[PDB]
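**Student:** Take a look at the letters that make up each chain.
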Amino acid sequence: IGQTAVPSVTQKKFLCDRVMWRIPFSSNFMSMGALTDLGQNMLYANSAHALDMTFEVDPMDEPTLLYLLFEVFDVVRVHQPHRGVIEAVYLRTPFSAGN
Amino acid sequence: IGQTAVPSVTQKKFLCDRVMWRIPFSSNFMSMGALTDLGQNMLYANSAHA
Amino acid sequence: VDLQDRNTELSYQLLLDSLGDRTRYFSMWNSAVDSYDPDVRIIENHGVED
Amino acid sequence: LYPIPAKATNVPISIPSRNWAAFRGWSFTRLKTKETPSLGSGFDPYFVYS
Amino acid sequence: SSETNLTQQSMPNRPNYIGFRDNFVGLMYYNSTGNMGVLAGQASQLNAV
Amino acid sequence: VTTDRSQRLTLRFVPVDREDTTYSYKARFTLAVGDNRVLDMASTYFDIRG
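One line per chain: the protein sequences are H, V, Z, E, L and D, in this order. For the first sequence, PDB author numbering begins at 848 and goes up steadily by one. For the second sequence, PDB author numbering begins at 848 and goes up steadily by one. For the third sequence, PDB author numbering begins at 353 and goes up steadily by one. For the fourth sequence, PDB author numbering begins at 650 and goes up steadily by one. For the fifth sequence, PDB author numbering begins at 304 and goes up steadily by one. For the sixth sequence, PDB author numbering begins at 56 and goes up steadily by one.
None of these hints come from the bench; they were simulated from the model. C-beta atoms are modelled at their ideal positions from N, C-alpha and C, and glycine is treated no differently. Wrong hints could be hidden among the right ones.
Below 20 angstroms or equal to it, Euclidean Cα-Cα: the simulated EDC-like pairs (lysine to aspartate or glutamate) are [unchecked claim]: (1) E:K683 x H:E934; (2) H:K860 x Z:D391; (3) E:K681 x H:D864; (4) H:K860 x H:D905; (5) H:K859 x H:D905; (6) E:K683 x H:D921; (7) E:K681 x H:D908; (8) E:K681 x H:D905; (9) E:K683 x H:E909; (10) E:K681 x H:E909; (11) D:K81 x D:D102; (12) E:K681 x Z:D386; (13) E:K683 x E:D693; (14) D:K81 x Z:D357; (15) H:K860 x H:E903; (16) E:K656 x E:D693; (17) E:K656 x H:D884; (18) E:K683 x Z:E361; (19) E:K683 x H:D884.
Residues from chain H that keep clear of chain E, each with C-beta distances beyond 12 angstroms, as calculated [unchecked claim]: (20) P854; (21) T857; (22) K859; (23) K860; (24) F861; (25) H926; (26) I933; (27) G945.
Bound-form chain H, shown alone:
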């Protein structure tokens, strides 16, 4: 700054921290519903697919984790047919774990 200002170079960066990064599996990236259009194409596709992801990430001097959420429908349904009892059915649609 001023009349003796030193020759200079610029650094641009950002933060956002309470966030976690999202990628909708949706034919355009909008929320048009909870059960996306591609999520329905993969039903009528009737076929198995594998997946690779490669994340490029800044080096850190300490061991760190990538945390993934495969976004999914994890759900329960609950039935109560007599005074003594409760019966629950669980489902998890991609990434299932039985019943």
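Using the hints provided, position chains V, Z, E, L and D relative to the given structure of chain H.
**Tutor:** Frame of chain H; chains V, Z, E, L and D shown alone:
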């Protein structure tokens, strides 16, 4: 070489400087046609192998 | 029927923010969100009015 | 969760073959290991942090 | 070591046989909804178990 | 009764995926019964080394 020749061991190698190695997915390794006989076999055209 | 690859604790902290306002503290459920002073996080070095 | 070694910068991962019907997408973020307990046990003697 | 300690007596340690259970009982999770095994038709992924 | 195509009597598969938690171990196999074969599941077993 010669009469004072020193006891010696043989070393063997080959070079191949513009090729890239090939392994045809063909039942006898020959090119019988551009679409091979294994690429339209009963197995590989029906089932999702790893 | 719980699973080793669910995260119920994180899921609650997100659902409470979607239902209400996390900037309001509530001693009953020990609800008082982890925060920071943003003037510490991103320094605005205006100098001083001296 | 997947490990990122100290000073690593590409973090590849793969999912074995499966079905993606009703799949919703991905969310992702970065954690420190010392700031993360393993919930796979009743107690975590390597979780030296609070 | 002492003149009294000449008079110590020892007894063999109790026998203890360790190995896997009959038919390998317990080595696989059966009847646990938390760790349920899978036999599923790829690619419908409907678990038959 | 018996085929005279070349064909294995016994197959060994290796885990397409595995998990190694504090209290349990997982393995995933793609058990592939080819065309013109049938598997009595009573003939299968998991071979563990450790």
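**Student:** Now tell me, hint by hint, if it's right for this structure.
**Tutor:** Tested hints:
no., hint, in the structure
1, E:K683 x H:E934, "violated (40 angstroms)"
2, H:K860 x Z:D391, "holds (17 angstroms)"
3, E:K681 x H:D864, "holds (14 angstroms)"
4, H:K860 x H:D905, "holds (13 angstroms)"
5, H:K859 x H:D905, "holds (16 angstroms)"
6, E:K683 x H:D921, "violated (29 angstroms)"
7, E:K681 x H:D908, "holds (11 angstroms)"
8, E:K681 x H:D905, "holds (13 angstroms)"
9, E:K683 x H:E909, "holds (9 angstroms)"
10, E:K681 x H:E909, "holds (8 angstroms)"
11, D:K81 x D:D102, "holds (13 angstroms)"
12, E:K681 x Z:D386, "holds (17 angstroms)"
13, E:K683 x E:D693, "holds (11 angstroms)"
14, D:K81 x Z:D357, "holds (14 angstroms)"
15, H:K860 x H:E903, "holds (17 angstroms)"
16, E:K656 x E:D693, "violated (25 angstroms)"
17, E:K656 x H:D884, "violated (39 angstroms)"
18, E:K683 x Z:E361, "holds (19 angstroms)"
19, E:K683 x H:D884, "violated (39 angstroms)"
20, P854, "holds (31 angstroms)"
21, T857, "holds (24 angstroms)"
22, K859, "holds (20 angstroms)"
23, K860, "holds (16 angstroms)"
24, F861, "holds (15 angstroms)"
25, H926, "holds (23 angstroms)"
26, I933, "holds (26 angstroms)"
27, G945, "holds (15 angstroms)"
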